Structure formats: C-alpha cells, structure tokens
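Below you'll find only one chain, the form deposited in one PDB entry, shown as structure tokens.
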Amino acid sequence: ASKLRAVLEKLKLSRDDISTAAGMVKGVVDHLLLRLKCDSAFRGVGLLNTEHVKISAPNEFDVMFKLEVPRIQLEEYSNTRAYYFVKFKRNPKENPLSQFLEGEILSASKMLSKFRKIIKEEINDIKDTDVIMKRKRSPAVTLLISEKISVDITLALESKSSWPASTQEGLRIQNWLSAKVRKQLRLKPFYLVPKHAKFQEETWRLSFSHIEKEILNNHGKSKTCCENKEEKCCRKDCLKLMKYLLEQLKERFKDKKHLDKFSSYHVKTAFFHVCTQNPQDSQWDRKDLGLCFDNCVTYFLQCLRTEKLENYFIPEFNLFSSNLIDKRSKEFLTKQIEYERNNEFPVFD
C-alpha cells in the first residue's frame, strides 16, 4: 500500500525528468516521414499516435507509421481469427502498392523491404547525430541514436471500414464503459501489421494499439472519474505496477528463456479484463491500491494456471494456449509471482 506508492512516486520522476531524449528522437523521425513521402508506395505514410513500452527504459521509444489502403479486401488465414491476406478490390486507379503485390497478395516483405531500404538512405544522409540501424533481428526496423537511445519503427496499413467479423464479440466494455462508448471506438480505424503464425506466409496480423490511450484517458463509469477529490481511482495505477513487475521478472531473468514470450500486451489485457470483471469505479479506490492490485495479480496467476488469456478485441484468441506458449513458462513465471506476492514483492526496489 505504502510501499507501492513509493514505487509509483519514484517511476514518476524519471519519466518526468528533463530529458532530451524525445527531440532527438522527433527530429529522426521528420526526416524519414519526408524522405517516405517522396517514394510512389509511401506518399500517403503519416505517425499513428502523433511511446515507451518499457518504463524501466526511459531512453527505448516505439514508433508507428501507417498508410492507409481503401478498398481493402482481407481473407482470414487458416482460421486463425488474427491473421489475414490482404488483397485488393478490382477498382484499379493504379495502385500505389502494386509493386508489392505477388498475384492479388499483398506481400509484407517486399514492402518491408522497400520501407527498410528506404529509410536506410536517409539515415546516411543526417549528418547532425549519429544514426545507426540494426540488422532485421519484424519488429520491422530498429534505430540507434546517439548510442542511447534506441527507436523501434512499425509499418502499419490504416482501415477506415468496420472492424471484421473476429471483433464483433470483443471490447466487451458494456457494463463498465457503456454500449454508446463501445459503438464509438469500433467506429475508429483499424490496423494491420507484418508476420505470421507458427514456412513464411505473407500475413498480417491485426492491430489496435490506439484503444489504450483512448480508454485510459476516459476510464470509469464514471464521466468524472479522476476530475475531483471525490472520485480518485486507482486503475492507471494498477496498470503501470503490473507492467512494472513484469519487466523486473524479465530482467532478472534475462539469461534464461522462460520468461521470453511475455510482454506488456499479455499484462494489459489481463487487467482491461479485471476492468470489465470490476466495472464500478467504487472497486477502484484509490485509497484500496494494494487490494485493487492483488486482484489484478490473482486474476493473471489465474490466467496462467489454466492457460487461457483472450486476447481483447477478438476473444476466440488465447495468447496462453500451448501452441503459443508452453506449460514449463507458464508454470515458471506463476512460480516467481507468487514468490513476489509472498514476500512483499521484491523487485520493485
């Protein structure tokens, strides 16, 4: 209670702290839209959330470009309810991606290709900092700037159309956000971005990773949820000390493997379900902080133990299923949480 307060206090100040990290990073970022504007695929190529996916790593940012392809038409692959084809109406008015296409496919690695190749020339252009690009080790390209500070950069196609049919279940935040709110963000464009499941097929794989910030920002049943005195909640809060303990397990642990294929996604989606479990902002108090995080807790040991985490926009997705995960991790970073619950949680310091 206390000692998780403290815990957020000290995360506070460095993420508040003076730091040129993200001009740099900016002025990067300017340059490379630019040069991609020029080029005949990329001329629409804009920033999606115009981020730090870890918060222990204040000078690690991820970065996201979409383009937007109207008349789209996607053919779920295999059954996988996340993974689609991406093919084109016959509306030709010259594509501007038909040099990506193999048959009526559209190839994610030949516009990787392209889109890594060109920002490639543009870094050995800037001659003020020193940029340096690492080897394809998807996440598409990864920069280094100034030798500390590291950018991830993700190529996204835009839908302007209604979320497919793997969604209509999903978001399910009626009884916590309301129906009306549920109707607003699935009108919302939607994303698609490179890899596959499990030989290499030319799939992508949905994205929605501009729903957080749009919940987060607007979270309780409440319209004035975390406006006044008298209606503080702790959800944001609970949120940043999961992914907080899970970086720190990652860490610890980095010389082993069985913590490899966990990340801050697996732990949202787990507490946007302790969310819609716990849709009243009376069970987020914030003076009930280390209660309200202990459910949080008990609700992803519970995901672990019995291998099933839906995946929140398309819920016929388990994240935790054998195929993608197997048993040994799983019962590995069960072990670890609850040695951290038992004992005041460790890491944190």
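Residue numbers count along the first chain shown, from 1. Only the largest set of C-alpha atoms that superpose within 1.5 Å between the two forms is called the rigid core. Compared with the form deposited in another entry:
Once the cores line up, the CA of residue 91 ends up 2 angstroms or more apart between the two forms.
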Second form
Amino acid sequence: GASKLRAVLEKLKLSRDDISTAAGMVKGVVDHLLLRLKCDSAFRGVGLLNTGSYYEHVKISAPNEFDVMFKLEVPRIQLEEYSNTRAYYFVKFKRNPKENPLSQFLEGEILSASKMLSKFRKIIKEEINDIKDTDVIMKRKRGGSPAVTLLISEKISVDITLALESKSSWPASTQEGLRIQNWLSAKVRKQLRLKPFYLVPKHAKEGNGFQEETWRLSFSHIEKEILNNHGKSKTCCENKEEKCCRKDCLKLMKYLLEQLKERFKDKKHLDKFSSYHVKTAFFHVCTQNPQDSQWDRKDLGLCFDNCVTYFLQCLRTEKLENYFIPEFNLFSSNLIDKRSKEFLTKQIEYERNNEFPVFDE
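Now that you have shown the form deposited in one PDB entry, what about the form deposited in another entry?
No partners, no molecules, just the chain.
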C-alpha cells in the first residue's frame, strides 16, 4: 500500500538527482544543434519547445533516455483534416504571391514531413560529426519513428522531434475537449486554448497503412502547464498543509505500465500501450476528482487505486477518449485489438490483487 508506493517513489527520486550531469551533456548538444539549424534557410526560425525546459523523460524507469522537442513556426498554415480521423491533417500554405524557403518541402500543395525530416536529419548528422568535445553518434532510423535519436557517451540517448507550431485557434475537433472547467476553472481553459498548437510527423506504423504525409496534433505544452499548476487551490503543493499526490500517482501509473511492458517484452501483447494512454486516463481521473482533498498525500494508496481502477474500466469497456479530442478513442478496436486489452486487464488485476509485486525492489 501507501508505504510500499512511497518506497517506490523514493527509489526513483534517487536516480533523478544523479542524472543532472547527463542533462548538462544533453543540453550542450541540443544548444549546438539549434545554433547550426538556425543557419539553414528552411530552419531559420527553429527553437526549443518549452524553451525554459530542455528535455522530458517519457520513460521514468529509463533515466538516461531523454526526449526533446524542437518547434518551427509556420504562419498562415492551412489545415485539411484527413478522412475525418480528427487527429491527422494535411498541412497546406495560404496565398502564394510570396514564396518562402519552406516550399522546398512541398510535395504538390502539401507540406511533406518526409522531405522536412530528411533535411533536418541530414543537418544534424553533419553537425554531430563536426562536434569533437563530446562523443555523440546518430542512431539509424527505426522503420516507424520520425524522431532523430542521438547516443551520447555510450549510455545517454536523446530523441529529437520536430514540431510545426501554429498560433491560430485550435482545430474544431478540440472544441469539446480539455474539460477542465470544474477542476481548474473555465477561465484557465480559455487561457490555455489561446496558446499555440503543434503538429508532429506521425509514425510509419501509425495510421491507415499508406505513407500519406499527414501530421498529428500535439498538446504537450498544455500537459506540462497543467501538471505544474494542477490544483484546485492556487497554492496546491506550495506549502506543508497542501501537499497532494497527483504527480506521484501519475508517476506510479507510468512506472506500472513500463514495468509490465518489460516483464512481457518477449510477447507482443503490450506493444501498442504507451505512457500516452496512462497520461490520458490520469487526466480524466483528475477531471473526475477535482478537489485537492481527493488527492491528499496521506491517501496515496487509495488515490493510486482510483487511477488503476479507472484505467481498468477503460480497458474493459474499450473506451478511452483523448483528453483534447473526445471523438478519438485511444482504445478503439481499430487501434488495439480486444485480446491485447484483455491481456493488460488480466495483468493489472493480478498486480492490484497482490499489492503490485512489479514495484518492489
């Protein structure tokens, strides 16, 4: 229970404090790459997404695996939804009397993620080789991923993702999403929806089996802003008497899935689940339990159980709405077959019934 879950959280804290030297190395490589990329005519306006914060850790049990997002603003973007999939869009340009450098990535009237990533990757590979103050290598592209992956010092890996930034209003598919009014208030929802949105290249293994040049909506800056300002109280987690366990529960949900994917990495059944699914379910639980008193630190075990049982319910009913785009069902059988969700249900039920053996040291 709570005492065991606390021990888990404490062990993961230890490894995070150690990797600050690794973060220093990552930041040094990323800053060199941005300086070089900004010299290119097509990537002139590239920059860090979450400029203050280099890097996230997608995988909490892999402290030496870093994730960084670059953003590239494209003004006057014209988006064309793909086959009413709600999440995937062709990117087109508006009126064309002025041509600009990004047109070198056009395929017809459509902005090609392939072409853009090819030049992106080529510049990084060149510049990585021209670095000599630290040993960094570029890893070969895996069949699906659009990310550029660097390996630093034999054990630090960095996934770099290039996102397009649009400063216009969010696409209409988001209009009924981000249902935070009863938790964080309607005016915070309005404020958040005034920020830009992002488009990222999709995986090859992602989508309808074609290699169409569609882009996927991305709201990772919104996820980050909410987690850093997450209470109903404006002073949640800013004093002794207002320490909640929201972030802890999310960490534990991520770690649960990571451990189970590892325990079963021989089989194929868990390959389609990722932190994305656990994060989505967590945010729904925050919507469902908006009071800070529902997240008291003393109740860590009960709050974590709440997150687990909600996730189990989503698996069993095969319904998990995207937090921003409610019509997109992460758990549709078009995306994950029923037997895979049934298998994960079985494993999470086993863990819950046995006080989570997959956690203990």
